[PDB]
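S.K.: Each chain, written out:
There are 4 protein chains.
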Amino acid sequence: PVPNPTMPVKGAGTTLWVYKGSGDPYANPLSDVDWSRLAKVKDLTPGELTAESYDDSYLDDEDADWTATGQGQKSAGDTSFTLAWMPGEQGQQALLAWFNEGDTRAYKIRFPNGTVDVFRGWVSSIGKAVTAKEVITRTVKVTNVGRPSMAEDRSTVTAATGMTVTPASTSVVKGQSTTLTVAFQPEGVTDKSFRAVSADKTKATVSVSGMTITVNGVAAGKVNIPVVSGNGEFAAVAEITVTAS
Amino acid sequence: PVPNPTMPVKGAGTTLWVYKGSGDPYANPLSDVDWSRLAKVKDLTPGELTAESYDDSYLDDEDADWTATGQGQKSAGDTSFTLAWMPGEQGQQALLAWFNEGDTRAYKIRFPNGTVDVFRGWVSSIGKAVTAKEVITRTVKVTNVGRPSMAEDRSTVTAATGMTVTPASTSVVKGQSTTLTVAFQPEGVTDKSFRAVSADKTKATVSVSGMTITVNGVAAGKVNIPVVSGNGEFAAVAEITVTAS
Amino acid sequence: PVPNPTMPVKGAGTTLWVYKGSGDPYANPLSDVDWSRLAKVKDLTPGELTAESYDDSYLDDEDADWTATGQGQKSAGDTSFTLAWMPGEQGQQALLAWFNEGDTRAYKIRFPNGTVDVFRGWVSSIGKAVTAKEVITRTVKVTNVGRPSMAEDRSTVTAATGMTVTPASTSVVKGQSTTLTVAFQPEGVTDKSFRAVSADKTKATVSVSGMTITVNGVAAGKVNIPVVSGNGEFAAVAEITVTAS
Amino acid sequence: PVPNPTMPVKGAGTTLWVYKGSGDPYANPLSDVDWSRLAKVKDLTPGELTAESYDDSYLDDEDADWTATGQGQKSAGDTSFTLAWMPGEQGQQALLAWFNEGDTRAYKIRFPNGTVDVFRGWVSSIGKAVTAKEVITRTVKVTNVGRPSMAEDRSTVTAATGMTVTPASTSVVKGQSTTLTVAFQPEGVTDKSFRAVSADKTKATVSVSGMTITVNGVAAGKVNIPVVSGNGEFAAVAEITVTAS
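Residue numbers (the entry's author numbering), protein chains in the order written: chain D, 2 to 246; chain B, 2 to 246; chain C, 2 to 246; chain A, 2 to 246.
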């Protein structure tokens, strides 16, 4: 359905583009103008950002019982991919020219949830595999240089206005489960962490799964189930009257 | 049944949290206040404690038939985990900011038996795996610094049996304050952290000072004031009916 | 982000300048007016300040078992650096003019912590390295004359107004550590030396690491931990009540 | 935590100090009164004691097949250390002033086993190292003059077991003086240096005369008067409640 960057997503629909223009690729990566697509992608391994360790040990330190280090220089890794070998396609000739020239160019990866990842690098490997029963493939590797523009850099924090639990009042029979739904206003809230707790464990118990609250009526009576947001700025109280079987 | 640290337990329900507070993380790891959860964990490999060898041999030793060594410097290793890639959540944005900054921060692992493990470290790797028929995953590695705080350090501690708020029901006149007292059973509870929150801020407001809760009746009516312990295992709900002047 | 001349700094961002003017170079080394930069520095080794030994021995001294000497004439050393070879730049042309004329000129080394070192000298060596797979480099050596202007010469001492330890009161459980932070008022205090001691070592022990104080509650009870500044003009007393497990 | 000089100790925790007082550095090296620490020591190399050769042969000896010699003049060598470059610290400014002046001053090395070595010398070299990925270091070399004071010279000494201040609690009226007595256990302690300091100067002031402490109640209230030994291994806290006239 509608892409949502706050929910888990499957890889199908991921695309790869290379920048051709003379502007800033980092300014607005969401526009496809001056970008060329590399179609027929079979495998994609994005670059891995790593860092080295720096020693922070001194002789006059009280004790060397445990090691102490800090973050050093950072790297953007290497990005690898595979494509259907089509020498007549313009994008593949452009990639070959990129490899031959040796300059640093910008490439972006587009995900089915509406976000993009932008990297800059130079081509370091070109390969090919030939098999009688399979389609000939082209393997490409790009060494990245500098700090990339990850998708999290384009994410906007949104504050909440209120929290609602539905339904507010419900009766549960012993040995049965009831479903409670908690919602945040508006629909664009970034922080949706919350804790559902039971005042009386014997009278009722609560289990949290996603946005659904399950209540078990172990003992009959009236039990209050408070719900408090993770930030703790809002609160919701749900009253359940457990009915004996 | 009841979580028992003296009998074997299975891994389901292991959670991971990162510290956002300014106090001592090691002081009260059992309280969930000032901690943020990294939801949707797929794989988790804790850091391994390892110590180096130190040679303890001399030329004048009479018995050189066998080797003699001793324990040297101790290390905490690296902790790795995998999450579902959700760039729109605050947790992963905070993780990316933590990696970019390069500082050393504290995190904790909560086990299904009621114990916690606390580490201090810095992020050293960020990765991504993309495939057609599986959820895109984010792989994170953290290098630990210093002395960790394992569960065995907190083995002699007294758990709580219940939490009570007194008085339960009270009426407050507009422009006046009411005092509420929260107590833990038994008197030897070590973790007494709690959070008092208001369902309706306009109807009433709450201020926390020590073990006393102050309620101001800004607007007349019936307002529910839930109280949840810092660990979040108990809950107390106090109902106050504000009376107009 | 933190131009602090009182804390350790890595070397990246260090720059080299040569004076081109008629005014006094030592008077205002913080201004870049009338200074020309030498870009693309690859390696830098500053001058080493040394001294000579003068024999203070006499025939009539009773104690001649041990040698006695004194300080003699002092030298400024030699400064050697390497740049990227670009004969078209004006700075490299001025360097060759400086070598050919044989004049004694002033040069500055600017460090990433906001401090500068100014020297005066004459060029003694000009070299080059040619490699097929490496960029051609220019090697320069300057012999310094006279007393230089070190960064410590421009440092201004600032007195303190008060010392605070935070938090003042804390309770520690046996087998756990507590962090204490000591601060000086104002933020520009030059002398931040302090000794923090324990009145009762069995009841508690203290370890000093940087500005953080670690307290171990070996024995339960009330223990006073006095901290005295290195100058001894201020004093801070921290009381910790150790709680048995 | 094992200060035993009869068995081997690792080198972690060695500290460097410089004398500032006008007394005798060799009289009580254990006390840290009038000494300043040089923190952030990356590497240390103490001076080496060496002796020259003196020819004792003659023409009339019946045996001349083998050479015969004797011990000549003695030298204390050169002590070389490396610190982190922090020009804002008062210690490095004082070190630079020491190098510039040419005076011969005393310095101390303290080992983790509880022993001290005292040398007298003058600075002979000042160096610097600049690297992009490494902290800037300051290299110092000192040439020693005269006879040093090794730890083996102080192999006969009485360690202190405890320090007591009597009386612990006292009330002083404004405009009156109170006498406090400090004692060391046992009666044969060799190092009896101590520092008595006031947390609040306005509330009370302290003067040190011999083993008697005089307290003046300038302002009424409760004031803590910590007392710390010169070595700093013991601490005593005396609380005085000043009563208004």
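Quick caveat, the hints were computed from the structure, so don't treat them as lab data.
Among the clues, some could well be false.
It does not matter which identical chain is used: a pair holds within one copy or between any two.
Mimicking DSS-like on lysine-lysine, the simulated pairs with C-alpha atoms at most 27 Å apart in a straight line are [to be verified]: (1) 204 - 142; (2) 204 - 134; (3) 21 - 204; (4) 193 - 142; (5) 43 - 193; (6) 142 - 175; (7) 75 - 109.
S.K.: Enumerate the violated hints, using their earlier numbering and listing them in ascending order.
M.R.: 1, 2, 3 and 6
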